[PDB]
Every structure is written in C-alpha cells, then in structure tokens.
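The other protein chains are all here in position, but one chain of the complex has been omitted.
Chain nomenclature is as follows: A and B, assigned in order of appearance, with residue numbering initiated at 1 for each chain independently.
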Amino acid sequence: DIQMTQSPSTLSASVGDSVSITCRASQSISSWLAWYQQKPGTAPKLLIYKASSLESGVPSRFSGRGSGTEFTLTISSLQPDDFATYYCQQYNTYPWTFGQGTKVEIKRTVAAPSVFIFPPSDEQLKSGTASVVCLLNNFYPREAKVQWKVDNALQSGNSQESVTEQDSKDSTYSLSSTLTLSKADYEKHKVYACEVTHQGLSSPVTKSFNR
Amino acid sequence: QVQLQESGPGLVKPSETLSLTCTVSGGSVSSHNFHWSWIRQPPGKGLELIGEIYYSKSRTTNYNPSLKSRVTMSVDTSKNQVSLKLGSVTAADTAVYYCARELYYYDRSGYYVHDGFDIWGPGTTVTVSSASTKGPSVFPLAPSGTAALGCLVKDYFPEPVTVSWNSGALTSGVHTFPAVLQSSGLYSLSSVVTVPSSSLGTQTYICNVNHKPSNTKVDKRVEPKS
Partner (left out) sequence: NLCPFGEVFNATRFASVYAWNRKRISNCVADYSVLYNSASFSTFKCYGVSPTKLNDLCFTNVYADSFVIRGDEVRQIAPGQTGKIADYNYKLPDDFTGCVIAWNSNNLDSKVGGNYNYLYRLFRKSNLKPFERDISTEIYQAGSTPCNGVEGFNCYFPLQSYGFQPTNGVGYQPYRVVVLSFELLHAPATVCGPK
C-alpha cells in the first residue's frame, strides 16, 4: 500500500501570494497523482489530474507538476475562496491512497467582531431549560475571549463555544457562545451580559440584557 | 447531468450491517466506461477507499484489502443504484460515506487509466452508536445598522442537521456554526444571519432545519418580539 505524505499540514498566506503543497510517495507513482479540494461541508472536488492536467472549471492560479516520488501543487495568487483542505491521491497501485491534507487558511487585516446577545426564548423557558447566546460575527484573527457575566458575576463553566471556518469571501471567522441554564436558576438573576476581548477591539465590549 | 446522491441510515447499532445506496441520475451504471467507487471520511480525518464496482455478472468487484472481510458491493440497474454493505460495524467506521465515478479509458500507449474521481456525491453521515435517535428542538434567536437573528437547534442525535434560510433564498451572512456535543450526550447547533435593520419589516425570516436521521423537518419564524 503506497503511503502518501503531504507537507505541510497547515499553511497561511495572504490574498495574492503563492502557496506550494508537496506530496511524497512510498514507491514511484509515474505521474499517477491527482489533487482534490475539500471545502468545509463539501465533497472533494478534483482540480488536477495526470500530475499536470487541469480539470475544466479550475482557475488558472491552480497548477501542478511532479514525477516519481516528489509532486507539487501551487496556487499562484491565493484568493479568499481557495480556503480548503487539499488532498493528493495516487492511481498506480490499488488501492488508491490519499494524503493527510493541508488546510490552506488566508490572512486578513485585523477586523473587529460584531457582538450580539440573544436571550432565551419563552418556548425554551417553558421547556425547562433556557439558553443565552453570544455572537461574534466578523473577526480576524480567530483569537477572541468571550466572558459571561450574570448579575455582575463572572461565570465560567456552562459556556460552550463554536467557531466557524474562514469565510470564502472575507476570510472572517465567527464565534458563538451558548450559556445553558435551568429555568429556575435563570429566573434567580436579572442582568445577563457577554463581554468580548479581541485584537481589533481596543477595549472589551459588553452586550447586556435584563429579564 | 450525472448526479450521485448517497442515501442511507445515520444511526447503526454496533456490530451490525451498513446498507448504503448511491442513486445515479443522468447516467448508466451498466456502462463499461464508468467505474463507481465508495470513499469514506472519518470526522476530522483523511479519506479511505472502500472499493469499486464496474461492469465489463460482468460485475468485477475490486474492494480494498483492508476492509475485504466485510465489504459487499452491488448494483441495481432497475433503480440505477450502487449499494455498499459493511458488516461487524465498529465505532471506527463512524464517517461520511461518499459515492464517486471514474471515466476509465485507454491512453495512446495502451493503459487502462482514469482522470481521477470526476463526479462526487453529497455524502451520508453514518454515526455508529447504540444511543437511540432524538429529534431536534428549534428555537428562535430574535433580534433585539446590521442587526442579527438566528435559530437554535438543540438536543438532537445523531448528526447532522441541515439548516437553510427562507428555503434557500437567504444565503449572505448565513453562518451555520458547527455542532457542540452538550453535557447531556445530545448535540446542539446555531445558525445565524446578519440582515439590515430595515429588512426586519420588509422581509420575514424562517429557519428551515432538517434532521434526516429522525425525519424531523421544522421551519421556525424568527420574529422580533416585544
């Protein structure tokens, strides 16, 4: 079983830069290597075959070369949509083996997050468990600190954070923090606030609500 | 248009069998120029080729040696459906299973080659666990410039849930966050969208959530409440 080794594992560049992803082989795959772009939530879309030939619909920035044990894939001018995981596949010996992957993430100018605090729904409150949500809509870099304050109490524990991947048009991340509280514990307090610390934010931004 | 659509279960009890079907549209599975393969991807991992089925029973199966003991691939020409069966299913087969096609040909030097996996399918998410299925509960995240609203999909198993906005009409600003496994063993997801504050009174908004494993499709209207 030919083992394909992909290098690097994660690459970061800016809009307009070049990117090189190399694939190594256990044996000698005579130009029997193809490349696949898997975007978040989609299926691997083939971009290059026969090491060099490009499938129809693939931009000109994408190019590939290689032979034997060393193979290379190159994006000339990395644009924001090209954020995806790229795989190399052999077709010299069955079974066709893939690579480990390379997550090519783009670099964006520092952008401040937009904060929104959604209180729980009265339907959920009737269900016996309420959930307060905090939202950071468009921020780069991905690093951000979300802090829940209930009745001016810095509460840590019930929170759970989920971050989207880099947007294919703005290279902007988005974060959501979900505080889950029982209906009885939620009705004990009044002020519910979410404080955000980020690079683009010179001062932490607190969005609050009261029940 | 050759279109592959993977359809099957989501929850399969451990040490059972995995009946997956790939419906082929706009193509002939009985063609000698089409090779149909099954490729799985464990969540957060690489890709693995399970096997291939190609005519010219003329069905010469070519599975992967790694999974040969339990894999069984077939083709139904009456429904144009490629079937995959995997036995003694452990939790390591928890993955998204894909169905692909390879237009095989002969090069100038006389080589049976292929230009890669041309057409791919959407992928069926199979979660191997004994936990019973659970339909989600959809709740509205109401808006209080560019305002924000969304929908909270809570308590659902297994994965995934598909969330569209306005029946596929609203796409810009739609951020569907990944699911987070709560402390209760059930999943939870949030899908938001930033709309202009004036659009609160010019367009109504509905989150279309579809949980296929439990056949739970619910559309909830996000409404500014006072």
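Definition applied: a residue touches a chain if its C-beta (ideal position, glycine included) is under 8 Å from a C-beta of that chain, and two chains touch if they have at least 3 such contacts.
Determine which one of B:27, B:46, B:122 or B:135 touches the chain that has been left out.
For the chain that is not drawn, the touching residue is B:27.
Who touches the missing chain here, B:1, B:132, B:167 or B:226?
Residue touching the chain left out of view: B:1.
Write the list of subunit B residues that the hidden chain touches.
Touching the missing chain: residues 1-2, 26-28, 31-34, 101, 103-110.
Residue by residue, what part of subunit A touches the chain that was omitted?
Touching the missing chain: residues 55-57, 60.
The rule we apply is simple: only the chains that are shown with their structure count from here on.
For the complex, give me every residue of subunit A touching subunit B.
Residues 1, 32, 34, 36, 43-46, 49-50, 53, 55, 87, 89, 91, 94-101, 114, 116-118, 120-121, 123-124, 127, 131, 133, 135, 137, 160-164, 174, 176, 178, 180, 209.
Would you mind writing out the residues of subunit B in touch with subunit A in their complex?
For this pair, the touching residues of subunit B are 46-49, 51, 62, 64-66, 98, 113-118, 120-123, 137, 139-142, 144, 146-150, 152, 154, 175-180, 182, 188-190, 192, 194.
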